[PDB]
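One chain comes next, on its own, written as structure tokens: the form solved without this ligand.
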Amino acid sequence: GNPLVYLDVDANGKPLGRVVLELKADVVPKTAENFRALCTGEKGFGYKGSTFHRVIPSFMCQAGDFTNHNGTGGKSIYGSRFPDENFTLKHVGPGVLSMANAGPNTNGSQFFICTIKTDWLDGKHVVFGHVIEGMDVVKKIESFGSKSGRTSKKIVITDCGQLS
């Protein structure tokens, strides 16, 4: 079946708990595989030790810039960037997992977890999974964001990996 992966998240060195994500490899296999491998770190790089660098209450929590830690970086297991696979899955509600980008066909490693229905991103960002467990952790992360995106605590993915 579809991969299940996890992110364990700290805020100022205090554990918040675990976010478990289903990756919809049935719909977006290339996009799912990138995220899966970045969670395991099996290519020699990935999300472990990196941060949620942009968090906006009543919108989303963004992470995945494991090279520059500020929204300008990241890379995929395929190369620097890869195409929008499809827009079949929609931003239907809280818990949706979707690729951050800098316009069409600029997926790398950055991603966001929605805390509301972000319907205006449909057709612009590739949705590739959702939160199976740990919305409480996501809401804690959200509570440390601000309107500007700047976080009030350092939010770190201390561990990550594949469950199945």
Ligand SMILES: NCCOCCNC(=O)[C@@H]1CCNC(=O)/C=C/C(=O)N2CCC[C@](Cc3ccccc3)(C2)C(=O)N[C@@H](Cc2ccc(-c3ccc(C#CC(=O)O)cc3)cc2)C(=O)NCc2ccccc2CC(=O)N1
Given for the second form:
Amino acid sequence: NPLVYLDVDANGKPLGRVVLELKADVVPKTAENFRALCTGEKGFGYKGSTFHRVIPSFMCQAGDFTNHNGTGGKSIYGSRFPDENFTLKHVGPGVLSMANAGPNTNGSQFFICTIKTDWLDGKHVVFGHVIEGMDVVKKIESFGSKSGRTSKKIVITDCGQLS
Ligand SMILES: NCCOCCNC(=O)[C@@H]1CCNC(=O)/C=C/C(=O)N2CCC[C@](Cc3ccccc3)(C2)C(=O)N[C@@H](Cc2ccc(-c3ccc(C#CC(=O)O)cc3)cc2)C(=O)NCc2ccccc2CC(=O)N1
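Complement to the form solved without this ligand: the form solved in complex with this ligand:
The next block holds the full complex; its first chain is the one shown before.
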């Protein structure tokens, strides 16, 4: 399974590195989309974009590198792509899952859970997990709010593939 990283800052101050294992063994098309958007190998991707919606005791959401507000994004497949499967469940903090706007509307937006979000099972495609840097995710969460608006600008300063 691929390992990728997000290096995250808040108002320019580094928070540290999140390492994510992508479950290509279960959701290969979804994992590949995220992997490629982390490396930037297609000329676009997550580098420089933000965590735009962060809600404590829920999740941290990112990946809208076109509109920076939860309305945008773009997949590597030329169109919104189908839900690959709903095998993996939102079991707890650190789960990596695809944001969407309903069935078969996967693009680039994603979220990292900070709690078991079981009510999203069967609605959002889970495709990875945090293996290092859950404390960084908790710091991101620390800058969220009930509305999800962040109290600092949370930026993916760098991202890429490790293995
Ligand atoms: N137990 C029930 C109570 O539980 C309490 C906890 N709260 C929850 O469980 C809440 C309760 C319900 N409130 C919300 O849904 C929050 C919504 C929200 O904030 N909007 C702010 C951002 C825009 C909106 C509406 C919208 C506007 C324009 C276009 C689409 C939607 C709304 C929104 O919906 N944008 C989505 C994220 C999204 C993701 C992908 C695309 C997309 C995909 C592909 C391409 C391409 C291509 C190509 O060409 O390749 C382009 C774009 C567009 C939008 C959103 O954010 N989805 C919400 C979400 C996200 C992640 C995880 C979970 C949830 C559910 C949740 O948050 N659920």
